[PDB]
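Given next, in structure tokens, is a single chain: the form deposited in one PDB entry.
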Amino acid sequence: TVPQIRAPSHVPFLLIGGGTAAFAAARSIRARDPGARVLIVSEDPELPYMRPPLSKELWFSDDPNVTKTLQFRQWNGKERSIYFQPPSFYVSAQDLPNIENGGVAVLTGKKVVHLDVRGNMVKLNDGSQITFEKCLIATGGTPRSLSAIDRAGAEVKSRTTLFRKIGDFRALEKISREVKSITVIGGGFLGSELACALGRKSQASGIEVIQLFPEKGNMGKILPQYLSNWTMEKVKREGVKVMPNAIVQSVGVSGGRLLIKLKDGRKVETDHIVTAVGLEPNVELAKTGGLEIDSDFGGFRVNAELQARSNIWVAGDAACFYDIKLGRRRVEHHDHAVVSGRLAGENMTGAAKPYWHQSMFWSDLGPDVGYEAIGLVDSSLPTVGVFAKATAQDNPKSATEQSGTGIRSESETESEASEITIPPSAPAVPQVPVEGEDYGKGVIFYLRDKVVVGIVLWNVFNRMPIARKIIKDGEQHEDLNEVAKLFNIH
């Protein structure tokens, strides 16, 4: 067996990229047009898989075999495959045009590098060509790097990982068992999940874990300062040296270790760096395809139907879409990937439906801390937070036990509450006098006009439909403590 040239071929439905959005689009097309012939072409050799477990549950397991099988343990102890479907669900490219009732084929280890819109064709990196009738671009993005690491030498670039894939979890996991110290650069949800995860391994290994970022505290661009600060102390307590207000001036090699120099005088000595500083949408096809990239937000600009050009749609992290409440925007949400992929797939079969979904986001920092967000969440906005003591059910683990899944967009559902009526206050709880240290859950309302434009929920689950409805209706609430009763915050 030797390398060979693929003959030109044709496929009714071509999906460029094999991630969450591509997979959801393939199922949608198959549901809408039974017998459909769908081909996914994907650069990474792996079959389609969900990403959330990579910075999360896969680090919380004592079984060495999980790194190989990727059958991760949810917080409720129940196993789940990181893959959407196993190999048997798919067919090979070669067989697709001949199989009865059609199917979903997958061609991994191949990259589409040229899109010809008017000729309905693409070219792969190996020179072969595939004509299509309908095409979805769902190429995701590539992790951003740090400028200082880019200007940095071979030695340091060889000791920095960007965190996005299976390969990254595997390498970072191995490194956590080989070196004395690892630094996470990035204060966002993802960098924070990685810090907690290594801090947990640290309990057994004794490795040093540092997390550094330029904000005053974790997720500082998103959470109000008080909760950002609470969060920062929480992460630190997982055994992480957190360094806020840190701007990387340069990185170099000293003593055989990495030497990161900060603008303010500080210096960090460490053996490996993982960055989590955001994403660049994969838009290389915009050029041959004559597609518009959004100059303000990045990604492919699409219309209400997720369409970019004739017979071309985009979904997932790669799309700059028109949010029904916020206007042009792009997100990195698992929910959006699934919903938008499904809708694109439906539109590929002729539906012409607008994307009116309000995408949600969630983050877990271990089984005991969970956040959910929706709409415009920006710490520069005026905000109203309402809090209460947590009940036993108010944590990511219980939310996983109740629903049987850890992927929060699944358990929350994609729906929107049909009506909002402020329920009666709950029965009084006999208690000693309550202090701020005693709260463990809450809702934070983000405002613009006296209208709620965004919501972050802290340890409140199964209420996302209600948060969607409050944001959609756009009422001026006279008293947000009454509305918080909708989130069982009393």
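Numbering follows the first chain given and starts at 1. Under this definition, the rigid core comprises the largest set of C-alpha atoms superposing within 1.5 Å between the forms. First, how it differs from the form deposited in another entry.
Core-superposed comparison between the two forms: CA of residue 285 displaced by less than 2 Å. For residue 174, a C-alpha deviation below 2 angstroms is recorded between the two forms after rigid-core alignment. With the core held fixed, the Cα of residue 165 is displaced between the two forms by less than 2 Å.
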The other form holds:
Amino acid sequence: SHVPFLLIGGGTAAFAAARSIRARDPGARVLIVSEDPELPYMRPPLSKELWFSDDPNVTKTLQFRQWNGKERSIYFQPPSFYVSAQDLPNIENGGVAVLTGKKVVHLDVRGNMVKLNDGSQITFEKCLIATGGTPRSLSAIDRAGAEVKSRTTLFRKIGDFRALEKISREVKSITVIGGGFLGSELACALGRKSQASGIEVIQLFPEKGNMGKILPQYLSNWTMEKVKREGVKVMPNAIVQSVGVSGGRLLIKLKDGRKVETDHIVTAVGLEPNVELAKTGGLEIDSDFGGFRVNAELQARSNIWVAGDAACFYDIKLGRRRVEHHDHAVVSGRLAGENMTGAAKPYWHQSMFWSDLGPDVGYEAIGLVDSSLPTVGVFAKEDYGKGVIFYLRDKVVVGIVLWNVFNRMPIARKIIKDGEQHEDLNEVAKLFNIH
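Given the form deposited in one PDB entry above, what does the protein look like in the form deposited in another entry?
Below: the lone chain, stripped of partners and molecules.
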């Protein structure tokens, strides 16, 4: 069996890639081999607006109100927008098929071939590894019993949302382990639901505050406070030593000694780029950033690009990196799809991300947004309600967070791009309508 564009993984980058492949190559035959039985869907509403919707039937429909009151599905497109795997090689105008429930287990890079779990083989011409990541689990939950594992869940998928929101109607306490994006958003989502249902929502993580890897300390702190205000028990500086079952419920034991009892743990502890295919593939992984080491164009080897969460790419302006964001999956998937159809475009228009942690934390971020970098923050009118945060390297702005600053990403994009050695970052903040 053969397909021109084999997108390994049925996610956002694969869909964006399938879309940009199809935008750039309107006849393209794209087989998404998706080990997931679900058709591609955006993950963000699984931790945001799928929770915000009225209608108990939201869980079945998987539909959500957008920023304007217009509703839409989590699925990138109706199932009827896809052609079947069997029809894919034959259907006129090509299309996008998803072989759902099938996993690529061997990447014969030399042979441009994948072997699936069912022993079946598919060759390809262009391959996007858009395998994303699997939620890292906690060492403590792996070494724990069959009982605790049956009530600890990872969160990535529709089934995780469905399990979790069902659980959110069934149990009285859900603990989110992880202080990054997903922890913080699931915290807030569950927080919002707890307004009407009264469920306990605990969020816990090793850093000083939410988004610790991302936000400078002062701002990570201001944010944690906003997440708390969403109805979340936020527990920073938390390292899990072990997890057991106790009194029907789960008992999480922290290194510092604190202990969380909860009915259900969601561990959002970062992502392991799914690089299993590298070994048989002879593909280089980045030992620093993880993921498949790819260049500015998302390319690993001649016919293999990697996009989305699994891609460790070179940013010409910002250096080598890996980014795990929907818009990056979209941007890099789109880019890889463009590059898979020959754009030879380096990553350049920066992917951004946004996060909402309640109504007072709406931010957008671009570039090297890493709390390990020097930063300069300038804020309106400590009150960090509105401001702009500059991540700096070699006397130059390398990352920007637009903090409740709306409609200014263009300006941020421009500062990142220009590598100006700013005489006065206070004058630069004024560009973001921060005085």
